[PDB]
Every structure is written in structure tokens, then in C-alpha cells.
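Participant: Using the sequences provided together with the hints, build the complete structure.
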Amino acid sequence: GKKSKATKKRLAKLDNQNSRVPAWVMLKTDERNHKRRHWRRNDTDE
Amino acid sequence: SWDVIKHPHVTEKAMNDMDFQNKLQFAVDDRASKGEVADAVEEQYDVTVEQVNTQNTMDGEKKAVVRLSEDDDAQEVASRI
Amino acid sequence: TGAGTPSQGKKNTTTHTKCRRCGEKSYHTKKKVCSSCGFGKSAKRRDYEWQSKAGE
Amino acid sequence: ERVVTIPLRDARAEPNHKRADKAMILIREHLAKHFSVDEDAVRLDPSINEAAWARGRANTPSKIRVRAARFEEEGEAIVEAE
Amino acid sequence: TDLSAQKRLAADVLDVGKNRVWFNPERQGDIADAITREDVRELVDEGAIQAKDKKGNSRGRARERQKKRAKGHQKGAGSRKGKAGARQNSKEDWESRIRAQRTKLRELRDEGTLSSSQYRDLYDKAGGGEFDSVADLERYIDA
RNA sequence: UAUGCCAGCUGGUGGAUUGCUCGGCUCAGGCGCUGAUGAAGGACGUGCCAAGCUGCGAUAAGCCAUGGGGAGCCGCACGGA
RNA sequence: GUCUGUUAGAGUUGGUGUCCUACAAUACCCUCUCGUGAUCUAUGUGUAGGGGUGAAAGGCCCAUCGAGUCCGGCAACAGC
RNA sequence: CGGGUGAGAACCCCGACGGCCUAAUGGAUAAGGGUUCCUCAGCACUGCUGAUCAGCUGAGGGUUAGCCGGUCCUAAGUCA
RNA sequence: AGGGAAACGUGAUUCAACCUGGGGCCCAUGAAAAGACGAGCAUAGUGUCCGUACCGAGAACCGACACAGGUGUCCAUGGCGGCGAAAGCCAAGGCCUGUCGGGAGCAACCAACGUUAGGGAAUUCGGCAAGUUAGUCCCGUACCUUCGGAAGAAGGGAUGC
RNA sequence: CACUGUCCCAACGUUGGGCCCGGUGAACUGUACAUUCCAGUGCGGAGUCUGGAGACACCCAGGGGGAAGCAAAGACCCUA
Ligand SMILES: [Cl-]
Ligand SMILES: [Mg+2]
Ligand SMILES: [Mg+2]
Ligand SMILES: [Mg+2]
Ligand SMILES: [Mg+2]
Ligand code: NA
Ligand code: NA
Ligand code: NA
Ligand code: NA
Ligand SMILES: [Sr+2]
Ligand SMILES: [Sr+2]
Ligand SMILES: [Sr+2]
Ligand SMILES: [Sr+2]
Ligand SMILES: [Sr+2]
Ligand SMILES: [Sr+2]
Ligand SMILES: [Sr+2]
Ligand SMILES: [Sr+2]
Ligand SMILES: [Sr+2]
Ligand SMILES: [Sr+2]
Ligand SMILES: [Sr+2]
Ligand SMILES: [Sr+2]
Ligand SMILES: [Sr+2]
Ligand SMILES: [Sr+2]
Ligand SMILES: [Sr+2]
Ligand SMILES: [Sr+2]
Ligand SMILES: [Sr+2]
Ligand SMILES: [Sr+2]
Ligand SMILES: [Sr+2]
Ligand SMILES: [Sr+2]
Ligand SMILES: [Sr+2]
Ligand SMILES: [Sr+2]
Ligand SMILES: [Sr+2]
Ligand SMILES: [Sr+2]
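Residue numbers (the working numbering), protein chains in the order written: chain B, 292 to 337; chain C, 260 to 340; chain P, 217 to 272; chain F, 95 to 176; chain W, 50 to 192.
Hints were generated in silico from the structure; no laboratory data involved.
A few of these clues could be false.
[Said to hold, decoys possible] Derived BS3-like pairs: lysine-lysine, alpha-carbon spacing no greater than 25 Å straight-line:
hint, chain 1, residue 1, chain 2, residue 2
1, P, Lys234, B, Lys326
2, P, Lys260, B, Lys294
3, C, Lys293, C, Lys265
4, B, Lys296, P, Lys260
5, P, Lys246, P, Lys226
6, B, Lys304, C, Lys265
7, B, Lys294, P, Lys241
[To be verified] Residues of chain B placed beyond 10 Å of chain P at every Cβ, according to the derived structure:
hint, residue
8, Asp306
9, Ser310
10, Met317
[What the hints assert, rightly or not] Have a look at the derived ranges for each label pair, beta carbon to beta carbon:
hint, chain 1, residue 1, chain 2, residue 2, range
11, W, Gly105, F, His111, 27 to 35 Å
12, W, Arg110, F, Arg149, 16 to 24 Å
13, P, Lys260, C, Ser328, 57 to 65 Å
14, C, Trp261, P, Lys241, 25 to 33 Å
We put the CB at the ideal spot given by N, CA and C, even for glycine.
Facilitator: Shown next, in the form of C-alpha cells:
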């Protein structure tokens, strides 16, 4: 498929959004990314 | 009002284009055209832009590969910043 | 040819997409109409009283 | 150091399309026995390998002469075609 | 050690099918340390990395058969698998023959051997399939 | 006496129970319009490190003034710098 | 709207074979039928629910059809 | 069958021998997917067994066009 | 220029692509528009914006799965073979991932197969299942018929090196 | 007509399972009790009641006689 500039920004965001919760946030909160996604098992919008 | 250049794009590949081809790489605002990137650069570092290549990255921002004239030395420019 | 699995393999058409107006993936790019907010069909926002119980 | 003639007649008990592998087992098990060592201690020089697979997997010579040597501090044999 | 990456790079530098690059069994360590295409070429030069030759089917046996058949052998009833019209296209064969007859008649006319109307008479006869071949035509011409 | 039955003991598994309440549910009083000066909503950005939430909008968890407040502070969030 | 044909491709007579907590909520194998035409096929496009579409089997309209699906009427009514 | 790496090797890698695929098990692409691509470091999770491997985990990096598409034109048809 | 370790060919045949003609068919007639040519040459300047990774499948798509299903295009001219884009075998290229292994002459039983004396459909609702026949050439070919067909009727002979 | 393991009547063999071992590792089903058998009885179709008979426990493999086996609040029939 072909992606428009906007569709790319969105996919781009969904990629960055798919990260680990910073090691330090777990300390600061004295002990999970509930939105963690997988390209194969999940399905993004559009 | 948005500024054109956001920050230099320093990565192994960027370093080469700099060493071997007198090209500098920047992260630019995705609303900037090659022409607006060229002018922006010449004014920020006082150098002459021969060519510009842009790419809309998967990071959400635009990357620009600015080649300087043989009159300027990319490495030198990059070094002061 | 079965209507089940065999016929699912033919599905690679894109219809519903992210809607510029409400953000839901309901903008039918062939109809150019958001089945969610009704963008492209109604200037008003798509509402319906049946979307909730009658006394609520 | 000794030259032994190994019969591979018992490889016929295994399905025909894979007699080669079985043959290689039989060889190892024969040396390990006749030289009083562990099968894990038996090293088959690739030359033996090629002899058994020479006509593909479904076959194998019915016998094979191998030259074996025994030694070291763990007690193991090294063998090869002839 | 895992040399998969290098195998891929070497297949591109030696420019051959990946399945033809050979890595010296006693130099994995060095090949393992190869990171860049330059490292690979260097190793190619040393000979630690090489390309096996591609194969080409032998046509020797085919050639022998090709001769026997050109000589008219090995084409008996027991060797034919296709219908006669398939072994030789009839319309094609006719194009072959009739052109050879018309040419013949053309040379015999500019050569003065045949008058215009004699040529015409034979030409139309030819076009009507009166002659089995050029030789058959000449036989006829000799009254 | 093996395999085993019934009950208990020690330890698990499990999360009932008791205790606790940052959330609900209901009632009462007050108050009550927004938008082309582009709303409501949404998208995408925005932090030294930042994924979520909240906030904010290229001046981007903020800028200015007046008053209050006060030795502490840099949101949820007890980390490091 | 010819013939043979596992050319591509379309289909499916029989085995009532294999499978039947399957590889698969319609699959596998062999046999079989079509294969220049009322042919097959991709994408785009149109027709919408008492309405479509149907060389007509009450066939098909997203595993759903003698009246799709979703939510609402709704906590339908029943002597069972 | 040897060997490499490794705390650990039937299934990660090298070589030899032995095989499998030929309208495809090879080459290039549409749709669709969306980072699955490359590198390093890993093996609690995912993987019909194992794993040092990986489409898995962690961290970085990667897509450069006057002349390839889009963009322009109009098709069935669609909307304002 | 480039490429090659090196040589760094010349002729021929058959000829995909591509080019250009001739014929036949229709109760069927096989798009439109932008654009281009028509309409020279120099030199210079400008040519922005968007897509560009990878998979494209017995593990990257849809089917809840790393699903034996489904899923469009082109590579249709690689060699032998033969009528052949058929079988079978083999290159170029790819792979050992249609991803658990180790043992027992490895029993009974099951799946999918091979071979079975004499008899030869007696089996069965039914020859179901299996088998028989088979490519090509020559000879030869009945009833019936809408004169097209039936017809590869049937039947017989040949086949290598 | 031809041919043949369809049959008389079965045999031997091949490949993959089956069996043993490492590893991985479900589901169906479960009121309880339960080593049964022959009779009888009982809502007239009993492992469980009565009378006898038999019965040392546990495990492996098997083909499925019974549990009116398991699966789906019978679709036939009547009733509303
Ligand atoms: Cl012509
Ligand atoms: Mg671009
Ligand atoms: Mg003719
Ligand atoms: Mg698989
Ligand atoms: Mg009978
Ligand atoms: Na997906
Ligand atoms: Na108010
Ligand atoms: Na494996
Ligand atoms: Na050929
Ligand atoms: Sr999927
Ligand atoms: Sr990145
Ligand atoms: Sr049909
Ligand atoms: Sr489709
Ligand atoms: Sr509208
Ligand atoms: Sr309304
Ligand atoms: Sr036809
Ligand atoms: Sr049937
Ligand atoms: Sr069969
Ligand atoms: Sr079935
Ligand atoms: Sr046909
Ligand atoms: Sr309701
Ligand atoms: Sr481990
Ligand atoms: Sr990879
Ligand atoms: Sr020609
Ligand atoms: Sr590409
Ligand atoms: Sr497939
Ligand atoms: Sr090959
Ligand atoms: Sr595996
Ligand atoms: Sr025999
Ligand atoms: Sr009969
Ligand atoms: Sr009979
Ligand atoms: Sr004959
Ligand atoms: Sr059983």
C-alpha cells in the first residue's frame, strides 16, 4: 500500500507510543505499558 | 511561528556524508521545503548550500541532507556546534 | 467455495478509515462518510436517542 | 590400532529410505563395543561417513573395513575408512 | 560463531548465488570478525572466502543423438510421440513447397526458357497443387 | 505391607472472611448557556531522562500583571542528574 | 457457445476414501468436468432490508436469510 | 560425519557428504500489514521439543528522485 | 565510459519483445479527456510538494494461530525430453522451517501402497473399489443420421538399436 | 466381450503411525458409591433393591458387549 504524509505521522506516533515504561518511572512509583502493541498480533486503525 | 532547523542529525551515516561528501544532516520541520532548508542553513552557519535532499521519517519529523559547496568544510561547521 | 475461512482470504479492501472529524476509524473512504459522527453526510453531529436506554 | 570389518546387515531392520543413518549408528556401536569404550568416545572420520552414504540414503555397503585407534586419558577411539 | 551476515555480504561482493560462497572452515574466527563489505573483500583476496563454480548441463549425449537424427535415425514409429501434423505443420510445409515452385518458375522466365503465357499456365497449375515438388515440376515442364 | 480410604497436623495453592475506603448511588440547595473575535470535539506535538494520565500549544506540565501566600519548589510519580 | 488436453485458469461425478476435540466452523488425496466463450479473472463502480440481486435452488446480500446486522421499543407476552 | 561459539548444542554457524523446489520452495511487485527491515546485547515471554537462534526482548540505526509512482486527464459513476 | 582474472569472437538457424502488412466476422461495432506533434537553434536559470525500509506468504496479508485454506500481476524462450507452457530428470537461484526427537526385523490393529496360484463378478442394491485399454503410423470400420455426424466405431498389423 | 484379490480365501511385503524412551502437553466427561454375574423385584428395560453365585490388590496392551455410553431442553407426534 501507499501511505499519505498524514498516515505516516500517525503510524510514526503509534511506533514511538509502543515503548517500555522508563526504568526510572518504576522506581519513582515504587513498582507495564498497557498499550504495548505487536505488528502481527494486534491491528492499528486505518 | 515555527523555525526551520530543529537540530543536527548525528548518526554514523550522517558522519560519513559529512566526512566523505561534505553533507550535513538536520532534523527539520516537516513544513519546510528544500529551498527553505537551504536558506535557513546558509543563514545559521554562514555556508553555501549546493543541494538538499529531504525525507519524511518514521519518527514523525523531516530529515534533510544538506550538501555544502567545496568552498566550505562540513566537518568544520559540524564541529563548532 | 465455503463462505467461511475460504472467503476471508479475499478480504484486503480498505473501507473504514480514521475520520478527520471525530478521530474514529469509521470514515468509509469509498463512501466518504463517517458511520460514527456522520462526517461528510451531516453538518450536525451523528446522535440518536436509541444509543441509550429510553429513560436515560 | 586395528583394522576391523563391520557388517551392516542389521541396518535392514530400519525403514529402507534411511539405511544410511542407521549404518552410521551401527558402525559407532560396533567400534565402541569391540574397543571397550563409550559410543560418545568414538570419532568417525568423515571418510567413513561418505562411504556409507556413497549411493544415497536408501543404501549402504553390506560391510565396511575401518582402521581404528584407541588411546588418551579418557579412553576413546578414532576411526577412518581404508 | 554465526556467519550468516557475512555469507549474504560475500554473495553480493563475489556476486554469485548465496549457495555458492565457500568460507574456509579454519577461518571462521576471522570471517566472524568481518563487519563491512571491505572486510569481506579483503578476506576474498586472501582466499578465505571463495565462490564455487556454477554447473552447466552436458549436451554431449544430446549432440550424439542430434547427429543420428539429422542422419535420419532414431525417428522410427516407436520414437514418435506427436501426431504427424504436429511433427510437421502441413500449411507450413505447403508455404515451403509452393514458394520453391514459384521461385523456380520465376527464374525460368527471366532466363528466357519460358514465355510469359507458359509461365502463367504453369504458375496457376502450381497454385492449384499440380506439382508435388520442384523436381516434379521440372519433369512436367520437360513435356 | 504396596496401590489406597477417612480425619488431623506442617507447608502450599486459592482469595472467601473480618477490618479499612481515594469510588459509587440517591436526595437537597445554588447556579446555568457556548460558537465565524472559529466553539464543543478530535489529531499531532510539547518534559533533561517521558510510555500512560493530566496540563499546555512552536512562548507548548508553561509566559505577564494585581492581590493573596510563603521557605520552600520543579504534576500524578516515593528515581537519578 | 467443435473435439483432446492437470498449459494457464474455472469447476467438482464417484471414493459415501482421509479428516470429523481437524491443518481447516466446509480442509487433503485420487478419479472426474470445463478450458475461444452465454468463458475465466483483477480493480473500480452501482443496486439495501418487505427492499435489492436471482439462467429460479427460497439461491445470495460479510461463518447470519421463507425477510441481513446493530442498537432501541424492552424488564414484550405465555394459561408452558 | 567432522568442527565453530557457548555455562549448556539433534535442530545457531562453517565444511564435506546426502537430498528437496523448476509457473515454483526461484526473481520482481499490487493490495493489505506497519517497522516486521539493519546492527549490537540478550533468552523471563513468543516458537508444536531444545536453543547460544529468531518475524521474540532491550538499545540504537535505516527509506535521499526535474526524468519511478503520486501529482495532471477523463471512465462507469460520486459528491457539493 | 564502464565491467572483466583473462579472452575481451565471427558467422548461421529458429526467432519472445518491438515494428509493419494482408485476410475473415458482427441482429455484437469494440472509451473519453488532458496532452503531444504541426512549430528552429544557443546559453543560463528553475524544476517545489508526497510515496520510497521490509514481507508479499505451508511464519510479516484475511481466516482468533508462526492455520495443509484463501489471496491480484509479470518473469510462458534455461538444458535433455516430447506435439507440448505435459511427465520424468537436471541447471541458474532457493532450501533441509510443509521444524520435536530417540529405540524395538519394529507384535496386534489402522492409514496409504506393492505382489498374489487356480477360478474369474460367484462379491454387491449396483463391478462400489481396483483393474483392463493407452502414445504414433499403416490397413480397416456396422446400425443409424438432421448428411454435419456416428468414428479413435469395432477389428488387425507395426514400433528399439 | 475384455480384465481383475469384488469374491472363493486369504498370504507375504512397503511407507507412516501404533509399542518402549527424553521433552512438550490439552480436551470430552464427573450426584454419590462402585470387583461383578445369573435370576427376581421395581414406574413393566437394575453395577447400587432381594436371593444366590463369584470376587486377593494393582498395572500394561486390545477390540468396543453394557453403563437404555458421550454429544444437541426431540427437528417426528400432540398440546399452546
Ligand atoms: Cl500478406
Ligand atoms: Mg521525496
Ligand atoms: Mg490444411
Ligand atoms: Mg509453520
Ligand atoms: Mg448374493
Ligand atoms: Na496487523
Ligand atoms: Na451553573
Ligand atoms: Na527444529
Ligand atoms: Na525445449
Ligand atoms: Sr493474523
Ligand atoms: Sr527511530
Ligand atoms: Sr456455485
Ligand atoms: Sr480482494
Ligand atoms: Sr453528503
Ligand atoms: Sr438526530
Ligand atoms: Sr470448446
Ligand atoms: Sr455421495
Ligand atoms: Sr482410492
Ligand atoms: Sr467434513
Ligand atoms: Sr476438454
Ligand atoms: Sr431489549
Ligand atoms: Sr535458560
Ligand atoms: Sr531478520
Ligand atoms: Sr519471421
Ligand atoms: Sr524496494
Ligand atoms: Sr498459499
Ligand atoms: Sr542448484
Ligand atoms: Sr522449533
Ligand atoms: Sr517379485
Ligand atoms: Sr455381477
Ligand atoms: Sr449376482
Ligand atoms: Sr490396436
Ligand atoms: Sr482403544
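Participant: Taking 27 to 35 Å as the stated bounds, is the beta-carbon spacing between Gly105 of chain W and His111 of chain F within them?
Facilitator: holds, 31 Å
Participant: For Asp306 of chain B, is the shortest CB-to-CB distance to chain P above 10 Å, so the non-interface label stands?
Facilitator: Given that every Cβ of chain P is farther than 10 Å from that of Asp306 of chain B, nearest at about 16 Å, it holds.
Participant: Given the proposed pairing of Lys304 of chain B with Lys265 of chain C, does the C-alpha separation stay at or below 25 Å?
Facilitator: holds, 18 Å
Participant: Within 25 Å, alpha carbon to alpha carbon, are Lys296 of chain B and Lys260 of chain P?
Facilitator: violated, 28 Å
Participant: 57 to 65 Å was suggested as the range; check whether the CB atoms of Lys260 of chain P and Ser328 of chain C agree with it.
Facilitator: About 58 Å separates the Cβ atoms of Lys260 of chain P and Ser328 of chain C, which means 57 to 65 Å holds.
Participant: Are the Cα positions of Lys260 of chain P and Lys294 of chain B separated by 25 Å at most?
Facilitator: Violated, at roughly 30 Å.
Participant: Against chain P, does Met317 of chain B hold up as non-interface, every C-beta pair farther apart than 10 Å?
Facilitator: Nearest chain P Cβ is 31 Å from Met317 of chain B, so the label holds.
Participant: Has the given pair, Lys246 of chain P with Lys226 of chain P, been kept, meaning a C-alpha gap of at most 25 Å?
Facilitator: holds, 18 Å
Participant: Check the hint pairing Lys293 of chain C with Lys265 of chain C against an upper bound of 25 Å on the C-alpha distance.
Facilitator: The given pair, whose Cα atoms are some 15 Å apart, holds under the 25 Å limit.
Participant: Can we trust that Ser310 of chain B is non-interface, i.e. its beta-carbon lies farther than 10 Å from all of chain P?
Facilitator: At roughly 22 Å from the nearest Cβ of chain P, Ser310 of chain B sits farther out than 10 Å, so the non-interface label holds.
Participant: Need the status of pair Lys234 of chain P, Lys326 of chain B: alpha-carbon distance at most 25 Å?
Facilitator: holds, 18 Å
Participant: Cβ-Cβ distance between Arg110 of chain W and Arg149 of chain F: within 16 to 24 Å?
Facilitator: holds, 22 Å
Checked against the numbered hints above, the structure violates hints 2, 4; every other hint is satisfied.
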